[PDB]
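All protein chains but one are shown at their positions in the complex.
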Amino acid sequence: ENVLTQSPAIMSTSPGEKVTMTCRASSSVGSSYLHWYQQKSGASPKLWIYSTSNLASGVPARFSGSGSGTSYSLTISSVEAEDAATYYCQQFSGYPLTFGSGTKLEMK
Amino acid sequence: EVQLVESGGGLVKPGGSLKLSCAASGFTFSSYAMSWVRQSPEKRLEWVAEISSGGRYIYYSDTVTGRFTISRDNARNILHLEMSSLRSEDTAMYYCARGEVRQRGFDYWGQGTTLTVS
Partner (left out) sequence: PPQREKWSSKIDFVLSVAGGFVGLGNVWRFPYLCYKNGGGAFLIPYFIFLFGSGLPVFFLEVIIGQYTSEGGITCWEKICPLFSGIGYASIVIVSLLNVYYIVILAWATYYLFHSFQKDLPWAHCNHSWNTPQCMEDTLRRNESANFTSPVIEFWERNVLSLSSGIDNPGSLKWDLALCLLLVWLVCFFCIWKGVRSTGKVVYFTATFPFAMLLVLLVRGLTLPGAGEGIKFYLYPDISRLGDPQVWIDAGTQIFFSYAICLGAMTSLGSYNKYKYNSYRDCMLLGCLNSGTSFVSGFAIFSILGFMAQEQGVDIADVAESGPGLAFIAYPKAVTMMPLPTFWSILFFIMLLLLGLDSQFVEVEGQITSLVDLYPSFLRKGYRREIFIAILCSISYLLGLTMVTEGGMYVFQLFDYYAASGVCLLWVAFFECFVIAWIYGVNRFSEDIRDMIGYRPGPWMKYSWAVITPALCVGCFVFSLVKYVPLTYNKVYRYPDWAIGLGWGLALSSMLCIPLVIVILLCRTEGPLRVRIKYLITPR
């Protein structure tokens, strides 16, 4: 399978500070096929960034995505208090579809 | 309003069987491929089974490639996931996800059915 080794789950940053998290894939994802999902505490996941750059509906412009091929990133320009969640990267190209690991964003 | 409501999750014995029912509403269910994505209690998202718009293309992950069966009911607009030989590492938080455009991903998810195997 295309295993997506993502940035370590426990990251903790102050609000209003620019953060980043990476997502390394074992194989080569076509960069229009890896998406980012935000899952809150006790809620269902929801699509956040699709095709590694485009922002889904209801996603603020302060979120951004970048990267291609193997390394992919999620970037927040300014973390607000509503960003305390877990972010999963997910290639959606190869027919054994795989998600990444967790990356939980927590406050101070 | 696109709504995905799942049902049929509960406690089953190991090696048992269970059937889920993702009831889809607010969209033409026959025009979108639907997937089942499960979340472990360790909160590691794992994709289980994808079915196409008409059911002709059906995909499974390697963990469930011989014992899970995903099906649709396009007339009444319910997605299904029939399980068999439910082993211990199938306890998860099952979501149905409307993933049809591959360059957009699972844009709409559903609620969860807590499947526990004990």
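Residue numbering begins at 1 within each chain, and the chains themselves are lettered A and B in the order written.
FYI, a contact is a pair of C-beta atoms (placed from the backbone, for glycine too) under 8 Å apart; a residue touches a chain by one contact, two chains touch by 3 or more.
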Per the touch definition above, residue among B:3, B:31, B:65 or B:85 touching the missing chain: B:31
Contact residue for the chain not shown (choose from B:46, B:82 or B:100): B:100
Identified contact with the non-displayed chain, of B:15, B:26, B:54 or B:66: B:54
Hidden partner chain, residues of subunit B it touches: 30-33, 52-54, 56-57, 100-104
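Rule of thumb we're sticking to: only the chains that are shown with their structure count from here on.
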Intercentroid distance (Cα basis), subunit B paired with subunit A, Å: 22
For the subunit A and subunit B complex, residues of the former touching the latter: 1, 32-33, 35, 37, 39, 44-47, 50-51, 56, 86, 88, 90, 92-93, 95-102
Interface residues, subunit B side, partner subunit A - complex: 35, 37, 39, 43-47, 50, 59, 61-62, 95, 99, 102-112
